[PDB]
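Enquirer: The lines below spell out each chain.
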Amino acid sequence: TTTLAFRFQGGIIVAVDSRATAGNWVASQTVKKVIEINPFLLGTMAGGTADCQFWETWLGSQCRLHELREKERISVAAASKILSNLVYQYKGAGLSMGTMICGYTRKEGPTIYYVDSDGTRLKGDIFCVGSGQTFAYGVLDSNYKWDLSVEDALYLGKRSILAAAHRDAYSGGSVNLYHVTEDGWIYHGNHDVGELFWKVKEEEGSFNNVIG
Amino acid sequence: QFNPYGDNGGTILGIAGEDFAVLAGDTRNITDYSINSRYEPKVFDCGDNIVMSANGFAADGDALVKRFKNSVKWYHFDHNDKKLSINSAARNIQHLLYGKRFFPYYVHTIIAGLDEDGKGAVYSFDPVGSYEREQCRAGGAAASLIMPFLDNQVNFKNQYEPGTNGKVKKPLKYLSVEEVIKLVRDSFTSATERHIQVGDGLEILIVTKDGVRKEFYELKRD
Amino acid sequence: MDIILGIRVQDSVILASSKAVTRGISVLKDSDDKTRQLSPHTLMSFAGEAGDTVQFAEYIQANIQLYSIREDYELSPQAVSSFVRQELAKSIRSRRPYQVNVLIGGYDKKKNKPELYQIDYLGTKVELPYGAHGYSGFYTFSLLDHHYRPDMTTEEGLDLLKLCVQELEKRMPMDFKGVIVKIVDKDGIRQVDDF
Amino acid sequence: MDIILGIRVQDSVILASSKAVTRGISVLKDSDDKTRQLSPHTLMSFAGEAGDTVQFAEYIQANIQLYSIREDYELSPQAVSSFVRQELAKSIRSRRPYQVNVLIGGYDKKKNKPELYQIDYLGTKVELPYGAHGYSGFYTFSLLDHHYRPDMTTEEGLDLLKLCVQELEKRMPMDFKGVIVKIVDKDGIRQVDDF
Amino acid sequence: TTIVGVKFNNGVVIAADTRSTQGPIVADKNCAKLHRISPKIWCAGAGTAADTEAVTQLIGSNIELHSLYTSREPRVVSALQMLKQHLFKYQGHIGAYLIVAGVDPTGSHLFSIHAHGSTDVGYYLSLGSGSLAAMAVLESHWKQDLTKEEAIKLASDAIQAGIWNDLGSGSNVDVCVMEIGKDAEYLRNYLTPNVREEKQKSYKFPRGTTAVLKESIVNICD
Amino acid sequence: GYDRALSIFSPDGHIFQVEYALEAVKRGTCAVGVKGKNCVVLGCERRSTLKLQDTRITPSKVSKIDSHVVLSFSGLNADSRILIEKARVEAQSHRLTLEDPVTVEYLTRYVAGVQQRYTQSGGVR
Amino acid sequence: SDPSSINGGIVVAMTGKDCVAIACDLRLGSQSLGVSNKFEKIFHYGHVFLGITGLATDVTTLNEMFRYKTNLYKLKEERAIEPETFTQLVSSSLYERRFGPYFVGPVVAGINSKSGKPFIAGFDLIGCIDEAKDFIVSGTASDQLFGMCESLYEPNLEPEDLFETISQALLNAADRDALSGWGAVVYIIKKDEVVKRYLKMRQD
Amino acid sequence: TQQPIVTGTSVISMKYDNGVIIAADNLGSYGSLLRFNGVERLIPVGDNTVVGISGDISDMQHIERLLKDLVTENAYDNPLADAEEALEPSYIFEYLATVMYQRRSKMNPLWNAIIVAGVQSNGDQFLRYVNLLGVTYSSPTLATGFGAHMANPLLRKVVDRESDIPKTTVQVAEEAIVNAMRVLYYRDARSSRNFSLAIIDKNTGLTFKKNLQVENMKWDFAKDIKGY
Amino acid sequence: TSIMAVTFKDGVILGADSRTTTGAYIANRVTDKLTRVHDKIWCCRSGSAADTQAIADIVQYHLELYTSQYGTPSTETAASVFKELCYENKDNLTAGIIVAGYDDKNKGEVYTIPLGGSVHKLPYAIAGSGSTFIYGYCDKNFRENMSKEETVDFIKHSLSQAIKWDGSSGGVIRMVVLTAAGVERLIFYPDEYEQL
Ligand SMILES: *[C@@](C)(CO)[C@](*)(O)[C@H](CC(C)C)NC(=O)[C@H](Cc1ccccc1)NC(=O)[C@H](CC(C)C)NC(=O)[C@H](CCc1ccccc1)NC(=O)CN1CCOCC1
Ligand SMILES: *[C@@](C)(CO)[C@](*)(O)[C@H](CC(C)C)NC(=O)[C@H](Cc1ccccc1)NC(=O)[C@H](CC(C)C)NC(=O)[C@H](CCc1ccccc1)NC(=O)CN1CCOCC1
Ligand SMILES: *[C@@](C)(CO)[C@](*)(O)[C@H](CC(C)C)NC(=O)[C@H](Cc1ccccc1)NC(=O)[C@H](CC(C)C)NC(=O)[C@H](CCc1ccccc1)NC(=O)CN1CCOCC1
Ligand SMILES: [Cl-]
Ligand SMILES: [Mg+2]
Ligand SMILES: [Mg+2]
Ligand SMILES: [Mg+2]
Ligand SMILES: [Mg+2]
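Residue numbers (the deposited numbering), protein chains in the order written: chain Y, 1 to 212; chain Z, 1 to 222; chain X, 1 to 195; chain J, 1 to 195; chain H, 1 to 222; chain Q, 1 to 125; chain I, 1 to 204; chain a, 1 to 228; chain N, 1 to 196.
Wrong hints could be hidden among the right ones.
Pairs of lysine-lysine residues, derived as DSSO-like cross-links and limited to a Cα-Cα distance of at most 27 angstroms, are as follows [unchecked claim]:
{"hint": "1", "chain 1": "X", "residue 1": "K19", "chain 2": "Y", "residue 2": "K91"}
{"hint": "2", "chain 1": "a", "residue 1": "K223", "chain 2": "H", "residue 2": "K148"}
{"hint": "3", "chain 1": "Y", "residue 1": "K158", "chain 2": "Y", "residue 2": "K201"}
{"hint": "4", "chain 1": "Z", "residue 1": "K82", "chain 2": "Z", "residue 2": "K119"}
Don't read these hints as lab results, they were simulated from the structure.
With the rest of the complex left out, here is chain Y:
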């Protein structure tokens, strides 16, 4: 996996790849790694597929129960802490998860929480998670500014996944984009790396290591 999400002037960008692997066997190229929890909350998946898929959909059920009980959408902090307290109960049992809980609320504003299976919970502006996280960091950090436009921020998120998809053997398939605003999350399409790499190479002039 490679997954990222960063905070900026216009809200939150969230970008992921779509590859699943069992050793060196590429099992799938079309895996949804963003979990839609509600119109305002997103969850990213890295690590064990079943662990992430199972417990993040479960997280959604707990968030729905919060808004039924409290007549109010759950905060990003509270949602992330439900997940982090759950995995802490299983600490040592062998769960494998690197997740990011992204969303906007009135009291918090745009917020990103890193939550992993050894119980770490961190608030932050930029996180990359997965086997190809370092490759994504390299491009993302070097090009990140707070003042990025929505158009440029979407591209940088896309371009960072592409960078990792290329170098990391266990990342690839396609890029799934998400923009999170005050109004909620917006889906910005599935982008196959097959076509996207050449399109980006030609138009941007990068990837000179590759035979054109």
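Fit chains Z, X, J, H, Q, I, a and N with the ligands to the known structure of chain Y by using the hints.
Expert: Frame of chain Y; chains Z, X, J, H, Q, I, a and N with the ligands shown alone:
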């Protein structure tokens, strides 16, 4: 020390069309270098136009199929005979599998059927419950042989329109039931040639709005 | 986690704690606050196993806050440290022990004295003029042995602390991304923003 | 040892190498030059197991210098790289193999072209526009994939290299105490003193 | 592998299947497991494929030089002695399991050699993963005073047992008949009971389907 | 365990134990709450048949549940301590999991739920 | 730490009507890290082509070793080495290191210049020859290549048609393997002309 | 977690036109020591089912008790216990299969391989296998241990597929079984010469043959074999 | 294996079963475990088939070379060569050999050589996995200076029991008779010895 797991070999394959869906699987059952049975079916009609196969360690496979079949039965009892949709079945199976997260069922599970718009549907699971809908999935011992052939022939991967300078891709289209069965039969004869645990017989289960039909074909027995 | 320091001077306790959170070959965060306020005049820094640290810190925080509400009274640093020690002492013989080391800096309002307690994950408590956990001690202790005096001011203590961080930044293998410094005295807890 | 980078541009090869030498919990030195000049227009940086690195580097240096005196002629970077590869390829099936990874940057005077070769301890050789050994690649490669162009100047290459070091200094766990940068071109080898 | 050896009236016959495996994968569907040590001394080898080929070629080479040196036709016991002393020296690290058979001035002979260097004598023998399937047949149908045509039938039937029942064995049956006073006849693909059926579809692509980036004429000449 | 159903319906559809608990409240010292435009005030009566009291140490009638919520009561004094303790624990538990102090509605809902549970649980009044 | 799967890579060879084809991917990596996309695994010595998968340092070493041995062969024999003969040389050389082997999966391809007969062959790491009428496969995606070749292959394909078949076999196999890909090269080989084509493939 | 102590070797079986045949030798091995010689490893349940068991003998005796108790329990409040509501082969198997899998799932297995052979009420032949792992399968011929490697190849020459079952008489079928038992005595180091055989026919019912012996053995060719 | 050698009035008799095994599979049911190292010096082989074959081949070579130079070797000399190989290579050998021969001066002699490589001269010897089960029987039944027919019955009854209890033993009972008359081979089939 006692090892609670074993490998019973075999392979399975699911393809989806416009108004149908097939779920095939070879009938050979093995342990180590011995054949146990030349005809031991592992693709099952579970009711509500849902076919299912759980390939790998047969004892876990049978246990799972048995539990899902039973889950369908209790769904009818508890919800006024309501038809269990393929998407609902898939989610239910995830919970069956993940329920044993710390002592897993050692199987690749595939289910097929029609979605609620009448269109063909195939879902595939890992041993602990992760799932995904697809047009196409091969599972089991020869999954690594068959799956790349399916990418090339079903989803037209790496195929471009002739003369278009590799710019225009070959367009996606649904395959007829005739064309799909051709691909299934060829996939299994190829798999039988090159994989020792695959052979003896092929059993396909086709799923349309009219019900669940069966077709059987001989495979090489060496 | 990694570096946590503490210095007791004439009229205050000063806690410095590293900002880095590292996992694998990536520094995930460079602004992490490895401390919790237990009461208005008691502060606890912590370091150790991922997840355990914050889970333990917040659990102690909740218990001390509960006590304060129940009795309408603030526990002494000595009383808080003993409670924390016993919790770790229970933990070490549990099925899965908390792997957390803490420093507790407090100002006892009844005695009008600053107090610093060092407690490791086994539940080993000691009151000290200056303390550290992990590899940090191997550099700082000998340095403080030399330069520390019991009658120092808060400003003198911060300069003494700058000397420690400089030595760590020179000789430690890992980049710990600097420290967050906090002071505990008669007026409560406050953070130094420029260090 | 740890960080060694290399960038080939239009008219030169640029090698950056970390300055830190760490042993246990102590940084013993912060000014170590992890490179040897093999010939006037060939430079080799190295990283790996303690002792092995310098022992191997100097052994190669001696052999290339011996060749130069014998033939009154400088071997091509390609010829030097092949010699180095074969020595490592022999080593890997020895009783005790050299655990050393190298980058060889050279300027071929016959072709008037800069050349960069990356060779690991197994004897795996590749010619590259840009290269790295160890964990450094996991950050730099994706960064260079984006920003690198084949027609860049030496000044453009140094800025590209500053971008790599900044990223490493932000995200790497260990303090590697900066880098020594050297340039190889038609006029030979020279060191950048202010980086 | 399944390999056998059977003695008859005026000589000896050996047989083998033609499957080569790579774990569960069939690497070669028609490999030759019958090896010539000398014109009238042949070898069937199971175990590590490179070791059986290499050890058979080395001893075959030394047997030729010995034959030329002594001005005599080579004996089976010479090959047997040279093989077993070589294999014993390497303590089973050379994984060659051989059935050695042939005719010589002394008469007709049948032996087996194991990787650790032990040898056995018999009228009927079988080695390899399918040796139990083969030996079951040999123990059921073998008798004293077999004819040529009866021994060929028995040998091939013992191989077929391995082909059908052992996953390690498959494809065709190779036979070599070594009769006294006659030339040895090597019957490559004596039986071919595993022919691949016609495929359902031609996978000939329209010309231009594959996207190309660069073309260039390669120089093979000087 | 003591299992007896003490709170049960009567022929007319009343739960007498719950209604007799209201009589205990009616016996208790008066308590009043008035909320203004920017504040709430809690007033409480203290009976004067008790002289020679030590007001420093005697339990106060108004209790802090958290730094932002208070609870006064009428009825059995000993019973009120149990509710206050539970409320105080839930207050800290809410801060721990939701990372936000309780609302007054939430804290009330919890206390009210505890009271209700004791009206259809066996062995308790 | 499994030598044959540290670097990654694949090679495949096929036969046709009076022709042979041999293809390979271009990736060289260090486990998950992709390092080079220019690492060709096919070499030739006269008209005899040799592809080598496995541990990259041994690939390089063996190429240099067989170039060495074929050069001395040609000088003494006064003719180019033929595919059948070269196949035997590779087998002998690999088995010489029986208890300290090169971690490789070589594949020979070429047309005999005297008979005109198309010839391919494959080996394991210690020298076992694997001859075939149809196709030979090798590398980290060998299971995938076996499945592609077994279904797609037919006999007596014309050079132009054979190119399509072998290229589709390699591409689709490479895409299902993490350690293979990053570009591909195909060699079409007729009696006295050899065409070399670079394929467009996905770069992830 | 167990290790088997006193063990029983192969159980072999096949279908024929009107029923099923099953056989197993009378040995109870204690490692290499051929300890006990009067052990019956075929256990009839009613007049329509025979359960053949290999593996650990203490566990075999436990299973014997379970089947015995099953017969008793089925007879309770059951007027048709010897008629329509008698124990079928399929009922007996499914019960054992359930137990074997439950025990493996508790990491404390019954260390056995089991073949249930019988005839159903509608005349249909029943033959199914189950082992310590809970793995089940059916085939025209079934065998355990060394039987799987040596008997099945011989029995499959008689009945290779389904269509060969009607064409196979009880005489031909028993001949093959008795032959297979001889081959196992030649080649299995933990086999004995004495065995039991059982036939369940849809017409003639259950026939249980005890104290059979392997005979017509070829040993004469051994005198000609000298040296190595 | 079950093997034994027994001295008697006219010389000595060697006896053995014919079973060779790989685990529980019988690789050879008609094995010949009684082998010639010299005209009238034979040995019984137990342990590894490969090791005992390799050793027996070397000993045969040594005694052939001995005979060329110094004439017929004694049975003691043969046992000394077996010992030298077994003792000096004790770390790399699994061989339990019984050496038996007939001199005209010394008559019948039996030497047993266990795993360690020690030499023990005895009136009769037993060895192999199946020997354990007949120590009791053989001790009670052996008598010195038996006749040929008595010794044949003693060996036949002994190995019959060994075969019956040991799974690693079976097949036919081979015997080799060493006397002044010459060398005689005997075989006994299951149908005879099983029902003793
Ligand atoms: C990048 C793409 C790779 O690291 C990401 O990190 C993704 C995250 C996405 C998919 C949410 N991670 C994976 O792809 C993940 C890596 C992994 C594998 C195994 C354990 C932990 C992490 N892969 C999986 O989870 C795969 C996905 C399937 C194959 C589509 N699943 C498995 O490997 C499963 C279940 C693993 C497992 C976990 C805990 C207990 C038991 C099993 N294993 C198998 O299917 C077994 N295998 C299939 C191939 O045939 C041999 C048997
Ligand atoms: C029947 C068919 C099976 O038992 C026969 O016994 C045949 C004998 C015939 C072919 C001579 N046996 C095999 O086919 C044999 C089975 C086998 C496998 C592994 C070990 C021992 C026996 N197959 C082989 O020997 C193949 C020959 C190839 C297909 C041409 N070789 C391998 O599988 C090699 C084994 C090499 C080896 C090395 C060290 C010790 C022992 C054996 N294994 C690999 O190639 C695996 N791996 C692939 C990736 O690259 C590194 C090696
Ligand atoms: C009785 C049987 C026991 O005392 C006799 O002593 C005979 C003596 C005769 C043959 C001279 N002994 C055996 O038959 C002997 C038993 C044995 C087994 C292992 C070590 C020592 C003694 N059997 C053998 O030597 C067989 C003969 C072969 C089948 C022709 N060889 C094996 O069983 C080999 C031996 C490997 C070995 C180990 C230690 C030293 C030397 C050689 N074993 C295997 O092949 C293992 N096999 C691999 C495949 O998986 C199943 C086990
Ligand atoms: Cl032997
Ligand atoms: Mg990639
Ligand atoms: Mg097959
Ligand atoms: Mg790939
Ligand atoms: Mg016996």
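Enquirer: Next step is simple, just say for each hint if it's right about the structure.
Expert: Outcome of the hint check:
1. A hinted pair counts as satisfied when its Cα atoms are at most 27 angstroms apart, and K19/X with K91/Y qualifies at roughly 24 angstroms.
2. Taken as a hint, the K223/a and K148/H pair is honoured in the structure, with Cα atoms around 23 angstroms apart against an allowance of 27 angstroms.
3. Note on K158/Y and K201/Y: the hinted pairing holds, with a Cα-Cα distance of about 13 angstroms set against a maximum of 27 angstroms.
4. Taking the CA atoms of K82/Z and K119/Z, the gap is near 19 angstroms; set against the 27 angstroms cutoff, the hint holds.
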